[PDB]
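Peer 1: Each chain, written out:
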Amino acid sequence: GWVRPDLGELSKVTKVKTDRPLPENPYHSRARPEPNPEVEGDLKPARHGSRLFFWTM
Amino acid sequence: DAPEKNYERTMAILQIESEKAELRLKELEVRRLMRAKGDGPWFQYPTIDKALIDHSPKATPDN
Ligand SMILES: CCCCCCCCCCCCCCCCCC(=O)OC[C@H](COP(=O)([O-])OC[C@H](O)COP(=O)([O-])OC[C@H](COC(=O)CCCCCCCCCCCCCCCCC)OC(=O)CCCCCCCCCCCCCCCCC)OC(=O)CCCCCCCCCCCCCCCCC
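Chains Y and W are the protein sequences, given in the same order.
Here the deposited numbering = 1-based position in the first sequence + 114.
Here the deposited numbering = 1-based position in the second sequence + 80.
The set of hints was computed from the structure by calculation and includes no laboratory data.
Be careful, since some hints might not be right.
[Said to hold, decoys possible] With a straight-line Cα cutoff of 20 Å, these simulated PhoX-like cross-link-like pairs (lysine-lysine) come out:
{"id": "1", "chain 1": "W", "residue 1": "100", "chain 2": "Y", "residue 2": "158"}
{"id": "2", "chain 1": "Y", "residue 1": "158", "chain 2": "W", "residue 2": "106"}
{"id": "3", "chain 1": "W", "residue 1": "106", "chain 2": "W", "residue 2": "117"}
{"id": "4", "chain 1": "W", "residue 1": "138", "chain 2": "Y", "residue 2": "129"}
{"id": "5", "chain 1": "Y", "residue 1": "126", "chain 2": "W", "residue 2": "138"}
Just chain Y, with the same shape it has in the complex:
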């Protein structure tokens, strides 16, 4: 009683019911480095300008 599968069927992506848990860290990655802190706050002007030796702005 076995029907041979049609052209297209055996290459389908199927779904599988499992009773094993999902591997939570299959790559065994350690803790990620903490990122550099972003910038936050409004942009105040430069305190007394460029401060390049004598240029007051």
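Given chain Y's structure and the hints, the job is docking chain W with the ligand onto it.
Peer 2: Showing chain W with the ligand alone in chain Y's frame:
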């Protein structure tokens, strides 16, 4: 000019210039610490973007 005007104007000049000098010294120290540790917004040379990584299920499993 009055000696009051020259005097208090000199105090204003000295405040502005001493504040600029202390900010320049802080700028040197900030640059030294950010180059040494790399944890500031400056001296952040690029690494590889991890938005290029394909996380799709590949052709072989062991990867
Ligand atoms: C109510 C709404 C309306 C309000 C309007 C109010 C104004 C009304 C009038 C409108 C026009 C305004 C014009 C600008 C304002 C005055 C600027 C000023 O005097 O700054 C003083 C400025 C600093 O003095 P201060 O007492 O500390 O500040 C007073 C103010 O607070 C100055 O303010 P500050 O401290 O915030 O200034 C910021 C900063 C202040 O400056 C600094 O922090 C110091 C560093 C400045 C640069 C130094 C460089 C040194 C090495 C290079 C030298 C080059 C050679 C010299 C020139 C050779 C001949 C071309 O500026 C700069 O760094 C800019 C660079 C210098 C340019 C100055 C403006 C020039 C405009 C006209 C140019 C015409 C040609 C003149 C010759 C070109 C060179 C000036 O003086 C100098 O640096 C010495 C040079 C003289 C300045 C230029 C004078 C402008 C008028 C020229 C008339 C004659 C022209 C003759 C024909 C052409 C030449 C042959």
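Peer 1: Hints first: check each against the structure and report whether it holds.
Peer 2: Results of checking the hints against the structure:
1. W:100 to Y:158: 16 Å, holds
2. Y:158 to W:106: With Cα atoms ~18 Å apart, residue 158 (chain Y) and residue 106 (chain W) stay inside 20 Å; holds.
3. W:106 to W:117: 16 Å, holds
4. W:138 to Y:129: Within the cut-off at roughly 17 Å; holds.
5. Y:126 to W:138: 16 Å, holds
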